[PDB]
Amino acid sequence: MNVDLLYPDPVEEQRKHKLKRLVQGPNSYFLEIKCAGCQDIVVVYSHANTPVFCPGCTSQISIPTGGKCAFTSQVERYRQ
Amino acid sequence: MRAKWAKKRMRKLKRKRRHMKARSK
Amino acid sequence: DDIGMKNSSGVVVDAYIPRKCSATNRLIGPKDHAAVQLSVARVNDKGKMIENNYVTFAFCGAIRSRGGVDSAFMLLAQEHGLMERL
Amino acid sequence: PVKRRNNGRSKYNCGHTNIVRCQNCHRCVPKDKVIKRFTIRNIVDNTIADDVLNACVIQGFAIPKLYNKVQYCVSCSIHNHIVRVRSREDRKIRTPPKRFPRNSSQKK
Amino acid sequence: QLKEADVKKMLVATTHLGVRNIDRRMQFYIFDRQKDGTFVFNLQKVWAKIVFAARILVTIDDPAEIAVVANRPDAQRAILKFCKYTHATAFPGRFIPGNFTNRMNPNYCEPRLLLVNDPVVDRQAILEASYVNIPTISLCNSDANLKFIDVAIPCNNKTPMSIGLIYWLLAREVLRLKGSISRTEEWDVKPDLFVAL
Amino acid sequence: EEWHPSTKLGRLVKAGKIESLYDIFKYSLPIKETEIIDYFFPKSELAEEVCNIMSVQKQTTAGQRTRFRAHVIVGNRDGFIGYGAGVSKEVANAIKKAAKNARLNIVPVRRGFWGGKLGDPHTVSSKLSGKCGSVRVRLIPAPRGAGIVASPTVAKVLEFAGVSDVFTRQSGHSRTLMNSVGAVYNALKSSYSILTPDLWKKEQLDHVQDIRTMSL
Amino acid sequence: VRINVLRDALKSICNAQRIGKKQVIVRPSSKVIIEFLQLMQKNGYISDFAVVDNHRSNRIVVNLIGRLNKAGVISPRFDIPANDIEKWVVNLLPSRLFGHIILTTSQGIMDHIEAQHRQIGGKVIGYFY
Amino acid sequence: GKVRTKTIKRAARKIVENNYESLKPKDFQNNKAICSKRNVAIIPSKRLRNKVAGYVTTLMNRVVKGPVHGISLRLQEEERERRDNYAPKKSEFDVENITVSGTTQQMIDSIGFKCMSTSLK
RNA sequence: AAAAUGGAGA
RNA sequence: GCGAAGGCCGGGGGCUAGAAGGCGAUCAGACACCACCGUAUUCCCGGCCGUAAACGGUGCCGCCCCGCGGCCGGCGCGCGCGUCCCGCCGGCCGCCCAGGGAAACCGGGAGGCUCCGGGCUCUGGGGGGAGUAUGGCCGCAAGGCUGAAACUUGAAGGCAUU
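Residue numbers (the authors' numbering), protein chains in the order written: chain Se, 44 to 123; chain Lo, 1 to 25; chain SY, 4 to 89; chain Sd, 2 to 109; chain SA, 14 to 210; chain SB, 25 to 240; chain SJ, 2 to 130; chain SU, 2 to 122.
These are calculated hints, taken from the structure and not from any lab test.
It is possible that part of the hints are untrue.
[Stated by the list, open to error] Derived, one-sided and incomplete: chain SJ residues facing chain SB with beta-carbon distance under 10 angstroms: (1) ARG8; (2) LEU40; (3) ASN44; (4) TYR46; (5) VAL52; (6) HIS56; (7) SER58; (8) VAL62; (9) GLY67; (10) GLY73; (11) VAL91; (12) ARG97; (13) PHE99.
Ideal Cβ placement from N, Cα and C applies to all residues, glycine included.
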């Protein structure tokens, strides 16, 4: 079976540790979210540590959990 | 338990010496 | 170049040249009583007939024990050319 | 000359445990070295179950089922034959033998 | 290559399953595990592997010298078929331990090549071959011990219909190299006679 | 005599098809017949030494099963050697079972070199380390200005191998000979077990002399 | 903690080759481990190598010819005069045919053979069998 | 009861299978005289012969009741080995088994074939 | 339930 | 700086077990084992002790590994969304492949090492004498901690086979 360490295979890399990969890279992303009422775009980390409130609505659009940040309003996928 | 009945026997021997060393002086 | 122990002249002082196991590059041992010489034969177009010439690989029993001689045989066959795109 | 890897105990990530005394020996044993067979037995003997069931004054009555734990000491277990010393091959067999899924203290 | 009529035979003849447990050296042959959990194999891999086995079988100087040892009930019916068309000297029944080392033992056979019916029911037979330097070729399940096994045939192996297709496929593939049994045509034999009631 | 060849390679040895012991060693073969090894070199060939006939008495219900066991070491000077031993009640049946065992295991010495390689080899190519139970031995290559530097038993074994000079160090129960003479032998097995820059090459898939293929 | 990168690399390369895996990784690239690796490649024991590079320690991926018998380090560096180079060949090299001890000299870093011939002796970084 | 040695049972085993002819299945009397043709076996004493002549009545009875372990009936060696040689109603073992889930179809999709237009039936 | 010795030295 | 139990020093407390001490009953003795009482103790507070088969009989921080499964902690992975799978796992582990070992066995090491050289503290050198003697230190004491010799004499010991 042909598997080569020098040229790293991207499919396995995702399952691998953020540090164990041939290059220790970020494993999280910035996601803009769509407030249903207004079209202001708020960028949020894939894992949020501090709450970001949608501009014009005082209530935080993201209540942080240990990893993924859920959103009270509908979610804009990643960057789209 | 021979080790226990030797060690504590040794301690009884050690104590005997203390009285003998001080009272005699 | 008289591969094996050779004299100052460069001719083989010791004739015995234990065949280096092909797969691991490590040699087959004098006492390698677990040694293996797998051989497979080539094919001829539409007929896919056997031409009586067969590529002969070698494998020590340590690779056998490693159970990795199966993946290794196919890759070694790619080196000998028998393996297709797979 | 270590006899068993477990050392007669299931202690892992630990240092000390509570002591439960043998019902027979009365010997204190740490929870780890105690047999702990759990036994389910009907309160009446099976022989007189029929006559007591025959005396079913209340409707649909069932026998009193008792749930208890038996914890003999190591020395109590061997002499009362709860378990038997086995050979090196038998040492790792993790199961009680003689099937017996029958529900009573006596295996019958 | 692969032939669809025969390919659909393997699929309909229990050669689409394996053990739920897996080993790293059988990962490539395995397609993956499905919701059912029995690992489902990849069909092209099976056919390609059977051609690779055929080339070693034509290579041996005496076609008779290959020995196939069957230690499992299911293997017997298909193993009987191997001897009818291929010339391999069979080694049937329980191995009778140490035959390869004990030349004095009655059924001792020196097979320049070996063939094992099941990876975990021939444990003595691969070690015995290791003592006598015999290149080891065998059948392997999704999960198998590859110890002392050089190359093997991905298969369900746990039902004789699959075992039947394997001895049928191998017999046909060596014969195709000899250019005798079919040559781009029908095999006289039919899929039955590869299972015992 | 006129032995029916016991081994399949025995038919090759009987035919004369086997060229020499070296050929079966190159193809890594098990030699199961004393005659099969004698065919390569018979008639006086190797000198024979026998020592250490320990009498193991195994305690049992009544009297111990007094029995004997002795070690036999092959000594052909042509870079081939073996260690064998036999257990039997009678003195004869013991040494003569051992003689068979040392014959059944024949291993080739590398016959290596240090500074001068013009003439024929004076030492083994690399330090040979042999582990037999407690005993671990070493055979560091020596220049020809050095002699066979060794312990009295271990030197006779290497004299039998025919390496003229050597540097020897040992660890373990040197007084127990069976481990020591086994160790120096298991070290001799290391002689060809080491990849050497000279040994490296890519080719030799000829297979025409597969002993198993070769048949009458 | 990790003081000797070369010991963690040497046993990284030796252990991998023992299993027969040609491609191996090394946790930190060092300009000195570059010296040992390229002197291994130069003598032909090791094959083409590469360092995937982050901005941090860097990881070394090396393909092997599979022929390595033994590699190792003398920790820490002990300095020997060019007069004593041969005593160290006796203890740490099997034979004088395949002898190579990594020496460090101010005028270039070479294996033992070239150095004594150049009449300069420095410190033995690591053993190369 | 009576249990006899390996040689006594093995001689009887040789007599019942390697020279079956027609040793009697349920009758002792033919067996009493059918074991003394001299060539078939030579042993002294009538009772010693009778020891083989005892087991033979059970061994032949066993063979009549069903096939023995490693049955080698000299008179009837080709018995049901023809059934292993036999094929059934038309030898149509194959065709229309189906039982393919979406992933089983995906396995055939992984090779180049697309079996039954990806619609097994 | 009790249940104790076994001189030295081949 | 802590450190189980037992011990000690003053109080408080005292249900059960129970060092001592008493009985009975055992056995040529029963000092004991076993029954029956029973004081100190055990429980709490404020101090001293500072030791245990305190043991995983295996100091610590690193690195590389051979696969197969559990248990716990998160965290992602797609999946008809089920504590479903699959990894990242940090720890708990079982069996074990080479490798190692006098062996027993270890192998998330006791391996990579007579081809004997990551770093760093500790400890040992035949079995006694001896943890003794003698000083110092510590404790209220019990005891701790540190630590020889004179002389002896040929094995002491380790794991395994019948």
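Subject >> Structure versus earlier hints, numbers of those that do not hold, lowest first >> reply: Violated: hints 1, 2, 5, 6, 7, 8 and 10.
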